[PDB]
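Only one chain comes next, encoded as structure tokens, the form deposited in one PDB entry.
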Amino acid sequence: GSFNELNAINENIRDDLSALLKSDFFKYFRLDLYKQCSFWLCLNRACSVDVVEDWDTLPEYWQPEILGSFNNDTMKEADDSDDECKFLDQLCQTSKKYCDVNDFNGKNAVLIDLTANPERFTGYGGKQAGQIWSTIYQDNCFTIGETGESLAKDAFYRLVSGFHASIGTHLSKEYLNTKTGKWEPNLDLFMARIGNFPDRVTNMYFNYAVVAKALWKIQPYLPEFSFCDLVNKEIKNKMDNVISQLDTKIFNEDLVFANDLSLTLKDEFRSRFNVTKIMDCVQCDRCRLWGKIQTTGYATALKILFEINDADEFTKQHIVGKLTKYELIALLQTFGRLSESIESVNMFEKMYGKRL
């Protein structure tokens, strides 16, 4: 139903949002090169690759190991500057008067160029990918009795499903032609993973709205976090420009059941998203990267929607101001993946059409 509204909203914003995301302020993400998979899991390529291609047939430089690796030359040393670790509060000086101070405990953290490391088909899959998605869905268990118990599990599942579908949609749009050696849409794959499962398409639009509602809820309390940055002076404005075009009646609906969830159920829900931790179990480097960015994006969104819910102007202003640049980056980059996933659906529907 409301599908059309989000599509309208998304088309009016696709360009501005893509430009914003390529800015120096949003183009980099802090990622710990060392990973601690503490939840364990199949490790051999024999069970980590997708059957979609007959790999033994393709050239070496087209194997999942290369398709999913970073573009070496695309990651500067991090924590050499604590900019990403600072609060929006403290990016610019509001009046004449942090990676350690704010908890970024990364062994060997680095800044990866997301513009040079887009999410796309990598060939990752098999039992491993299956074991991971499986564990996330199976970790949808809250404290029984608690008010809004059911609702909490429905939202958790839906968010994960939309995240899952968004990736599937993505690897489908940006698929590799093992003959032309060109990246191009793969309608058949889209149809097999997302196309023929309405609920999965719905969940992406669910995630799209959840994240868009968060950006819209913080807009009024955003600190003037960029006027001082000589390079990124306009970023804050350019973000307001996007967020402002996001207003929709859909935001009236309590998407994450904030007004129906126990105050402890809300923390459990926040704790489940942990989902960000399993991401370190993802052996495909680019998948880990974007997985981590999106899970952090959702966890950020949940925090915003849950906390700002109880309101209190002083508090609201604090909640958004004490949000870290790292979180805002994750949040807006997650919105960027959703925006593109929604666009890709419309493309595939029109592609599925010309097929006749």
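C-alpha atoms forming the largest set that superposes within 1.5 Å between two forms make up the rigid core. Residue numbers count along the first chain shown, from 1. What changes on going to the form deposited in another entry:
- Just one of 58, 67, 47, 33 moves its Cα by 2 Å or more between these two forms on a rigid core overlay, and this residue is 47.
- The Cα shift for residue 229 between these two forms, taken after rigid core superposition, is smaller than 2 angstroms.
- Once both forms are fitted on their core, the CA shift for residue 184 between these two forms remains under 2 Å.
- Residue 81: CA moves 2 Å or more between these two forms after rigid-core fitting.
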Second form
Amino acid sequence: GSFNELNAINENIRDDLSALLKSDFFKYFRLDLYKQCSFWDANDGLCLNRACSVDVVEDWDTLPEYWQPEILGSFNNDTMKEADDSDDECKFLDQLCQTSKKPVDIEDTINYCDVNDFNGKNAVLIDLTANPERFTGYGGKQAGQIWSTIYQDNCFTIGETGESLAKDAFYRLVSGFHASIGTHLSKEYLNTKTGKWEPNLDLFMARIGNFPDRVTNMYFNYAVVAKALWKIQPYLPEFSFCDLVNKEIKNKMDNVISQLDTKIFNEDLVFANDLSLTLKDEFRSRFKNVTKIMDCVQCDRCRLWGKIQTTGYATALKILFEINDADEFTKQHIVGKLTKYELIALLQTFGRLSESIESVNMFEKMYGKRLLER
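Moving on from the form deposited in one PDB entry, kindly provide the form deposited in another entry as a structure.
For this one, just the chain is written down, with no partner chains and no other molecules.
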């Protein structure tokens, strides 16, 4: 029954959210090309023995050279650009249009990236519109080990208030995230017979359709992210007005968020009121580690989007935990302190979840039509 309300909300914002995500302000994301995987060599030592590929398509050996996993998951050249230490993504929403640099800086220098701890040994700005999440063929042992490690590190301090609650929330968030990716690779699948990317109903049923709970987890994630966006809206500063190109972005983000109001928000989705300060920080800490293990993903596009969504979820949790027991002054502070980096992650993550719900609707129709066919 809650699918009805959430999906209704999503039908109305779907197109407005899409256009926003395509704007100059939100279309790029800062990514460090240098991987720090605490296990195997992520950078060089490319994945051998297909320990990073999926059997799926009968056999890749019978498919053309340019349709292998390493290519389907690679970045587009003519899109990304070098990221400087002045990258707006490192700045706080408060520093974006601070009344003609109210914070002086008419001399010396100010490295916001280095300050806010963006120690990327080699960061670049990727065009998310030209590098969409899609089926890349990535999978196998590495993919499975990464997912397992993530799910297996669901261990909070015993003796705490809601240790069971935190454990359930963490699992659902990861599951919705995992499912979200499964829905996208099913929606954006490469038909090795026409070279066209098209919906693959059979894959979807296998990764999602026949496991209703994965669908439920995506709606849960959608509500969590939507609630975090709803919670910050009243404290968003005028972060875009001073920029000619993105002048209306702040207002256009308001158009979307305002259409999200639902009674579902009255619910304590991540148990903010039931988790001790110790679990809240442990919970947050687990997600940063998820964001870290993303460096072990060999597939580049998968890593980019993984970094985006995990960061998106970490931001949502930060918002919902902190804004919970906070006065108005603290709320403006909390929202004003989010980085552009974090806001892009949060909104882009909401975009992935919005498209996933839409894709489920779409696949359910394909399913219904194929059955009416036979």
